[PDB]
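What follows is the residue order along each chain.
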Amino acid sequence: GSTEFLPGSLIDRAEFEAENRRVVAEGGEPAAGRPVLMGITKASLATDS
Amino acid sequence: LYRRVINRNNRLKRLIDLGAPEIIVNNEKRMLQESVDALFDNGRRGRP
Amino acid sequence: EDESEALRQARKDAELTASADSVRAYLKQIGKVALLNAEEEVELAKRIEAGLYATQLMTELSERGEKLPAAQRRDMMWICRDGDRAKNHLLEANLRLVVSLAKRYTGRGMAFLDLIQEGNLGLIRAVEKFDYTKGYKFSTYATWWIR
Amino acid sequence: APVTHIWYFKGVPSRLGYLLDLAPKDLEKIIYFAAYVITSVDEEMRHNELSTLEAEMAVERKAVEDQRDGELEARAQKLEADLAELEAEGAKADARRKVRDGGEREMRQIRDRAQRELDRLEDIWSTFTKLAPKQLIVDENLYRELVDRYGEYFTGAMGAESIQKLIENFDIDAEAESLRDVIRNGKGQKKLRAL
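Protein chains in written order, with the authors' numbering: chain A, 1171 to 1219; chain B, 343 to 390; chain C, 206 to 352; chain D, 99 to 293.
So that you can see chain A by itself, here it is in the shape it has in the complex:
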């Protein structure tokens, strides 16, 4: 895309959609991805705390 998003990364869909909405404005371009599911251990390790 065009917003600090390395390919192959995992980010919660809420922030990803917020950044896509913020990037379609101020110069329209998409940052695309696909839903993925990760185990409970991985999800708990990849938290914001």
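A few of these clues could be false.
[Unchecked claim] Capping the alpha-carbon separation at 16 Å, the derived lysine to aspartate or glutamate pairs in EDC-like fashion look like this:
1) C:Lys237 <-> D:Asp221
2) B:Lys355 <-> C:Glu323
3) C:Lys217 <-> D:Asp237
4) C:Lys217 <-> D:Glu183
5) C:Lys217 <-> D:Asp279
6) D:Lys108 <-> B:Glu376
7) C:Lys237 <-> D:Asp237
8) C:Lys217 <-> D:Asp217
9) C:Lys233 <-> B:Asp383
10) B:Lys355 <-> C:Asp319
11) D:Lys123 <-> C:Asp226
12) C:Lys237 <-> B:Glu364
13) D:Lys108 <-> B:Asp383
14) C:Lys233 <-> D:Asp237
Calculated directly from the structure, the hints in this document are not laboratory data.
Fit chains B, C and D to the supplied structure of chain A, relying on the hints for placement.
Relative to the frame of chain A, chains B, C and D by itself:
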């Protein structure tokens, strides 16, 4: 662990301030590095 | 066998090894200097004596000296460096005696490498206070200082 | 003396290894005083003096050639003495060729030794030519030769202070942009490594 690190550091500074062969000084530096690594993680590298 | 690039590359690849254990690495590093004998040690003593004398002369010449010409300055600097290098050479020769002595005091208090380095300091002291004119083998004098 | 943090040196991924683009083994070899690393090289000065330094290496090589030719003439004289001592007096064919074979083995071993001296000399010269920063050299004998021939043209050390120097002279923005360009252009194992 803290005593080991202090001893190695003081010995190294004495060695460099007295003047010694580079192989002796390097052995002392390696010992100091291993002591610091033991302080934080005992057994992460080599035998603990 | 011995010749035709048979085992020399094996020796090289063996010497190019991590040897993650610090004591084994130190033994490998100490293994690269040959042992000396009475003659080699006495001329090393001569060289270090010359270096010390030249250093004292230059210290005297520093204040209350003369504008030393290059012929009278470069030679003194060279003999100083030669003496220091000879001292270093003797030390690296006799670290094997140091470790042989320090192997016996293990098992209590401090570790093998700490004992080795203390013996190395003792060897520094012994070389600094050695005297070749007495006509004695250096090992006997150095053992007392190492201990 | 500086010491590296074990957390950032040794781990499941090596943070320091990824940062400096060095294998974890390389880091240990450097950190634990087992080999030398070329902290920096004087690029422009090396290029400027490459012509004259190649001249110096060429004349050293020509002196090597002169010494091996002197060895050749010495063994020619030895062969002449062998002819005088064998083919002039009573001897069998194999008896008179035994000294010839002894000479053959002597010159083959001497020329082999001169050859390996030649490989070590050209290895020294080649390593000087393609010497680059953050390049690792085992076999401290080669480092000693490189230092005594070429004390300048580069600075290399061994240990956590050498690693600290490497981290010091690190164009982080340029490295990141190069990694991003590799991400955009190259694919595959390079893509995963760059990620």
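| Which numbered hints are broken by the structure, listed smallest first? | 1, 4, 5, 9
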